Amino acid sequence: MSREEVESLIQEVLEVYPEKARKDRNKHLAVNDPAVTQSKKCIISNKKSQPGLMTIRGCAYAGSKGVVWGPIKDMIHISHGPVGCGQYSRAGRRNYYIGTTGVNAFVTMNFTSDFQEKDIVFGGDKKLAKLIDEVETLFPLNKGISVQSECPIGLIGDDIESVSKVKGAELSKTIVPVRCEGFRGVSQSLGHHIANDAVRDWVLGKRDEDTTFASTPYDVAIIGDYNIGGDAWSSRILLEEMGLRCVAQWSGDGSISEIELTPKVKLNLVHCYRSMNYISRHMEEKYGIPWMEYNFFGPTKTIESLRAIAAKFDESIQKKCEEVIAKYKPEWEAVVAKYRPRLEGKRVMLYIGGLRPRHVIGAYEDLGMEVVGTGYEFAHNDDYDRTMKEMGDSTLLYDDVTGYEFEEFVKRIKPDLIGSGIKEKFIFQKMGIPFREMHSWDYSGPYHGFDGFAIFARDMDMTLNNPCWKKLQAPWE
Amino acid sequence: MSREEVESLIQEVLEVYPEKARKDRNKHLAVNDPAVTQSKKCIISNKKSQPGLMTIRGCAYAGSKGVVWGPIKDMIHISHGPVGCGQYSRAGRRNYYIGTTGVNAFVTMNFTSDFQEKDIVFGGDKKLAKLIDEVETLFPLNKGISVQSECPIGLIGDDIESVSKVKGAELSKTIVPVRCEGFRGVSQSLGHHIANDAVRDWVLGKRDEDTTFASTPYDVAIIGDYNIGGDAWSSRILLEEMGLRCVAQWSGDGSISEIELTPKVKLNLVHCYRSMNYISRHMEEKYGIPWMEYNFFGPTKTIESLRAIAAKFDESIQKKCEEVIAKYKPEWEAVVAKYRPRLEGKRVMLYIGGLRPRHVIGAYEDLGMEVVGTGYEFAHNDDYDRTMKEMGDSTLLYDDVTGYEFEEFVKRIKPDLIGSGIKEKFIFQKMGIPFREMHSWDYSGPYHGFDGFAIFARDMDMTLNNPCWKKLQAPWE
Amino acid sequence: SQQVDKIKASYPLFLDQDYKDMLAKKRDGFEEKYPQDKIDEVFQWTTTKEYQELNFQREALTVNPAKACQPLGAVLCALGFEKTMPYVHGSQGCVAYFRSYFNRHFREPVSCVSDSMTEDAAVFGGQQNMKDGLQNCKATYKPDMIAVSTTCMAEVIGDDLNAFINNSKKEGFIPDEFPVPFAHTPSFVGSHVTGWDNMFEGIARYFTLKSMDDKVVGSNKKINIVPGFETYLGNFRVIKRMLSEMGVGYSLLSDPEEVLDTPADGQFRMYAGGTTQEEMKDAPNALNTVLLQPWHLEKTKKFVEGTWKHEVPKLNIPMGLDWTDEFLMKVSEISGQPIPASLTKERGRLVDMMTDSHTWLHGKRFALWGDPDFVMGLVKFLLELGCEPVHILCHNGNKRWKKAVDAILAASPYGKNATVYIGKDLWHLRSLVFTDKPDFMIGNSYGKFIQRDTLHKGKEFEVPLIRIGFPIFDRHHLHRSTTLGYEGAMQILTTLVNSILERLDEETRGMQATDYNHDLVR
Amino acid sequence: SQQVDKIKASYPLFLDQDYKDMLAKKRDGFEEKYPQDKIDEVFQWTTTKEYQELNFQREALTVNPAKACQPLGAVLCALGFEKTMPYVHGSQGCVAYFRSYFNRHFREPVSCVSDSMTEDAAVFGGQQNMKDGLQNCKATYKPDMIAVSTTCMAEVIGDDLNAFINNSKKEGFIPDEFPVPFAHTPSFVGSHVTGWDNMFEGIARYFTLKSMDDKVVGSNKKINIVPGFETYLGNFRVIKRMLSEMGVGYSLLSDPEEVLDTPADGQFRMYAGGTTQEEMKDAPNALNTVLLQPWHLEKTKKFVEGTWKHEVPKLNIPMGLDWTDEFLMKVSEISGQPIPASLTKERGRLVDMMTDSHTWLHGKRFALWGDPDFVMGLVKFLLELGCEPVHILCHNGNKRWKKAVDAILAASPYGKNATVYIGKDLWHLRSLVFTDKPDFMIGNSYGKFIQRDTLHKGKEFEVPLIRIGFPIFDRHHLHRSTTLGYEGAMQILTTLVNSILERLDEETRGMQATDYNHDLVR
Ligand code: ICS
Ligand code: CLF
Ligand code: CLF
Ligand SMILES: [Fe+3]
Ligand SMILES: [Fe+3]
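Taken in sequence, the protein lines are chains A, C, D and B.
Under the deposited numbering, the first residue of the first sequence is numbered 4, with each subsequent residue one higher.
Under the deposited numbering, the first residue of the second sequence is numbered 4, with each subsequent residue one higher.
Under the deposited numbering, the first residue of the third sequence is numbered 2, with each subsequent residue one higher.
Under the deposited numbering, the first residue of the fourth sequence is numbered 2, with each subsequent residue one higher.
Source of the hints: derived by calculation from the structure; they are not laboratory data.
Relax, there's no trap hidden among the hints.
Calculated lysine-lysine pairs in the BS3-like style (CA-CA distance at most 25 Å, straight line):
| no. | chain 1 | residue 1 | chain 2 | residue 2 |
| --- | --- | --- | --- | --- |
| 1 | A | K23 | B | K143 |
| 2 | D | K400 | D | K300 |
| 3 | B | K346 | C | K473 |
| 4 | A | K209 | B | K26 |
| 5 | C | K267 | D | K26 |
| 6 | B | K346 | D | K241 |
| 7 | A | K133 | B | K50 |
Next up, chain A with everything else stripped away, as it sits in the complex:
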């Protein structure tokens, strides 16, 4: 709104920084223009954070262990290093799964080597081999081990690749070494890249020579959906109602066998482009599997995605797609009729990770809500290429925003709702602004698909229109 005001606000916020930090941060804040197609001319992304400025970014270990490898349920994932990292990331992400924990599923469990001073001084490869033996003894029904590195592993001269090779040859088990040390990269995105490379190098090609899996022309894989609150399940059902067959989903509620069967499918359906574009491009190049993006956020995006997917197949699939759309139309129409009057005209600001800042806009507009600012923690420039056409004119765009910047922007813009993570929720709640968690769904969800849209609308209404937001000022003040 009123572009010159937004640029003035940007300058006023930047006035406080030292010259180096101000000059750097000036390249990461922008005023959106929907006509612009290339983001390199307006915003700069995927760079190192300025020291001492309260960034929100994580590390490559979080991007690899917590995002990509952790949701794999039948594998045991071992945090190689000191005790803190696996403890802070244990069950913090709501990647839902079905299994018997401790027997054949291990998602919420924390396996670690628990480095001491002696391990730092004299290495930890012998400890790693002994620990792998112990894992094999105590958890027989596991189907593969991954070793996720923390910072000291890369800092000291540890060679986890040789240990993994020897122990895998000895036990006839898949052991995947992931060099996802924290100091690599600038954020979790290099963790995504490293985890995808490990998947390609150690898992994806097991059944290249195997041809015992019967294949159908309607075989698809779900890539980049991590089943937050059941999200992937809420997507999968729709695809099965269309008549497709979902051979695998990466990686929420995912098994290693599904990953190894993925090269046998006819189409890849990529949900999170940011974290899985590497593996999808590799399979297109190697196995010739086409991949396409889809968006199941809100009825409009869901219907458009379903039609786009069905067009990739024959006419029976399109007929089933129309049947599914007709079946689900009354339910989301009822949701819209109930909740749009309570949410029309509200203004939303978002600060999320790599995919969701632009994916959720359509669902918000399906309830009459306008997104006035958005930003990414770690996403690349192609993500901003998509976002710039996704958003409106004179809206605010921020990359790797600092706490001070986000607080000042929110003070000036005064949105009705903010969607961000755990580290901004209470900051903006004490400020008197409704806040929804857009990583964990505030322990609600799923939000994907038609069944998720109802939950999304109910949550928006329950937080935006709660009475507690009208009680922050004492009557005597």
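Could you slot chains C, D and B with the ligands onto chain A? The hints should help.
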């Protein structure tokens, strides 16, 4: 010992009273002499309380509704009068039963007529008939209605007998009017008498002309056991292991059919003489059924009672009795071996209603404990005749003791443990004396039989030897 | 049989095979029990809407009431004065029941006496009973005051307390200067809160009615606080703390929190704390009188406004956020003291808790019961949290109270599904929770049986109980809690949200069935 | 499918038939899952004593630990000083994880920064990182103090904090007078409590080591209180309240209760309260220093005794009756202030609660885990109540602490069946609760999964969890509780007895099966 000291203590305590109260209370405190067989020459009981002296006694409604009629599970008992009495007595007594509450059992529920001013002014007989109709409508599986009177019913001139007769003829149901108004009598004892008279007049003789019940020479009834904490059950099993057949059980876990079948048994086994001697004497006079007292408190009394019961039957019953005693000997021997070293030499003071102050001495002596004082709230002079021979020389005997008297006697005697009710527990707990509830078993039990003796010993040890009794004095005091 | 290493109490010893066979033999042989299928059919019928229609047609039968009688409240009021003996003129069984009730709720000694009226007094009256009882009570327990109430027995014969106490004083049974306030508390009128109101009005009249000539309003720069029937010690504590933090002079009349919270240090204290006779005599000199629970202090309000000439403010119970704010601003206006920053920070902290827990609180459905002021404060707080009160029950409420509660409900969008019931008992409430299932119940211990019944229908039909109210018999030390002010609101909010979260945890503990939603972080 | 009137979240929407069929098809078609009988066999094997023997032979594998790393405790210590910014020299992922952890436990904003060291500093060092970070942090957030700790990355490369901060000051990045205390907190040594100790020692050294010439012991007539790692605001509050009631001058060093309990009133406060620099500079002038949690304040004790010349008393954590009494008498002896009557009455009231609940508490078996001082205080209190600690676990404890705990256990007859485990994790504890079943567990939220496992074996094998400790993620506002003093003992006692009573209520709710023991009065 020290009889002269005990008498001097009695005089010192009585010194505070006014002349009338002192003269009255002097007849209710005594120093026991085991050689004395007539209590009327020693102590006086069953008299009205002195006003304003904080007695512990209840009323006739408590003795009838709460003690005798309430445990009958398949009957609905209606508190005729204002709302308070049935509310304070609802589920306060732990008479255990098996049934589906609200459908075919109604023990823990409170049915009342809830008198208002209009009911007081214009009577409540029409309200009673309407209420009986509503009871029949809403609780079809009930097997009889009893109407327990409160004070205003007797004071305003209501004719509940006519209503009961008319509605019983109309509905073909047994309706028992009980004139258990509070102001009659001096305690719950007249409630016992009135409830027994109602049982005799309205229930006991229903199957006098009915001879379809097959009878065996080993038919007994349990009379006066109210299944506190399951006590009656813990007795019944032993009798069934002896080979007897328990036809009725008065009145804990009792049904109206058992009461009506009682006149068909070969022997009555009276536990509480005080509350059931009336009905047992009536059945001896009318049906010729002999009755005998028994005591299942502690292994010694239990074994003696079992042998005394078995002597009333043939030799097969005696052989079964010997088998039962042999079977249960190791268990109570183990209990004694475990708990007597922790409880030997301790001194106990008791104040319970009408049977338990004398029945529990044997169980205490089975753990090496000496009872130095005992007393009754409402028991008669024959109860003291039975009591005096069971207690030691120069021990204290008190009838309808006041709070001030009880406190001063405990202060002078300093017992290791006191067993009394809810209204003295916290009084003696703040004094630093261990206290066990001897009405409700402190929500523990059962205490009857061999299975109950283990619970009794564990409870005595856990309360007497608790560390909290050594912490009442601050270290800086 | 018992193993000495692991002894079993009634549960689970009676679940052994021998006891089970004994019980089955007893039932099959001598109980003439209905067939189990018939019992199941009747239970299912009692869970239906036709049964509810029959149940609400009741006119003469009360099943499981949610109230007590007046002399219980009179005793509780009398306990709040310094070295005062509660004395109930009537039958001793009433006093035994009152003492047992209060002992089980408070887990403390409760002192009360009776004159033990019998059938002789039922014919001739209880004048001699009162003379002897007053003399004996004063001689034995040495109180500074004897507060006399009545049982229904003495009410029905029409015993004149004033004349009987006057004759006791005239003939030398007790000194003429000894204070003996009295109140008629008929148990067939009202409930226990009515008895509290009657006893307080009697004591205030006794100490102030005849000596009003030298009274000037506002002379002692204090505010009188009348709490009413209260069974949470934290409520007295929080009122006193909040008034002290404002620097406001106050006089709490009928304060029993010291005598219900005596320490265990090797001695028994029959009396502890309480309102002094000097405070009660000086009460007309206060700036004003504030009644914390105005819906059962009507007689007290009439006396204070008519005699003391105090302009009693129209205040709701200080429960929740808005009503606590209104109480604080009214006290500030009366006394001229500004509201301190500590209370502002406490209010902000409560608001922060509300913001933190609003997501788990929103849309939840509650059935609830209790006393009128407590019930309406609870409804107000639940509306403030975005919760849905659905079945609001108050056995001792009236029509004006119901109209006020309906006005509260109509002002909020969350009160559209709420129904208020006056004069209904807990069997009605059982029918309501079966036919229109809420998420939770709020009430005293008598609700536990209702939960049991719901569990009999099926696990998906269980309505868990949250114990707020009087009496609570199956939990320990809950009477130390607070329900008033910001602190009480925080305690209630914590209890509610954590009850919701334990229910969710229990419902998602099934391995490989529902434990996909067994989240570490909630 | 969704009904707009009753929308379902993940639970129980995924229990619908269509979702169940989808999941069954997915598992049967593409997951290559083990047969359910094989899974059941392996689970039963993991519940056995042979599995426990294999499990305790572990030497290199840690499964579900019960501790964190040092910089988390360093951040918590730094948060307790006035207008102080916690600054972790190292990698930014660590700071993200620390902030998320504390946000989830406290439900409050937590402020911390890092210098964001990357692969470049892995060979050059983080000198430029520290210069730029100190300048940027001071310019942007305006702290009065920056407290520097380290991550394992900078510890492994061997970054010299002292030299780097000195070079930052010398070259003008920050003023020379600006306070920048620092501490090396290697995450491969000790745990979070060790980091708290290191950070406190660094701050105290920075403010006192070079200016000890004009210090006289006892000049300010105060007692220094060092709390250590603490995540209950009620503990700070109760210590301050008890010291104020005695009339004892005190200085609480590292007090974060204000900054972790800010109000919601429309503004964001990055800083609130905390120990001032004047208090820390004046600390050597106190009469003495009292350490509340002495088993992770060894470095602090060495510094205070060696440098400040304070004769630090040998005191246990003031948890439970005896240790609270000892703490109060030691404080009274040090300051010369008598113990007031209010604290005597509070102690008596706690003793009264103990007397009331001893029957339900006696003989109960508890597994428990946590931090060393917290754990030994819990064991002492449980012994005082007549309860039986059986499995005592502390992942970050040592051999001397275990010897002290064994000495405590041997002094009590209720410690006969207790075993102390040091260096064991929660998978060991799962084995222990399976093989020697206790009645209850006491611990943080990570215990919930153990309960789930026990429920999988059978309802008679479930071990319910009582949440006392850090962190608690699945309940709201439990961090406001108290575990210290008589008030903390009362809260713990109430929670324990009521947990026992809810378990008993749940076990006796079966109609006509076990509800013969569903008592109204307990
Ligand atoms: S993987 Fe990525 S930060 Fe694509 S690291 Fe992050 S479960 Fe975010 S915006 Mo948390 S690139 Fe997924 C994400 Fe998006 S953990 Fe989740 S919500 S769609
Ligand atoms: S950036 Fe990432 S989270 Fe940080 S360490 Fe590095 S991989 Fe890990 Fe675990 S132990 Fe603690 S938190 Fe660190 S300092 Fe040593
Ligand atoms: S001695 Fe006994 S308990 Fe007393 S009344 Fe009489 S029958 Fe009953 Fe119920 S209602 Fe209250 S408590 Fe009484 S005063 Fe009117
Ligand atoms: Fe008590
Ligand atoms: Fe908060």
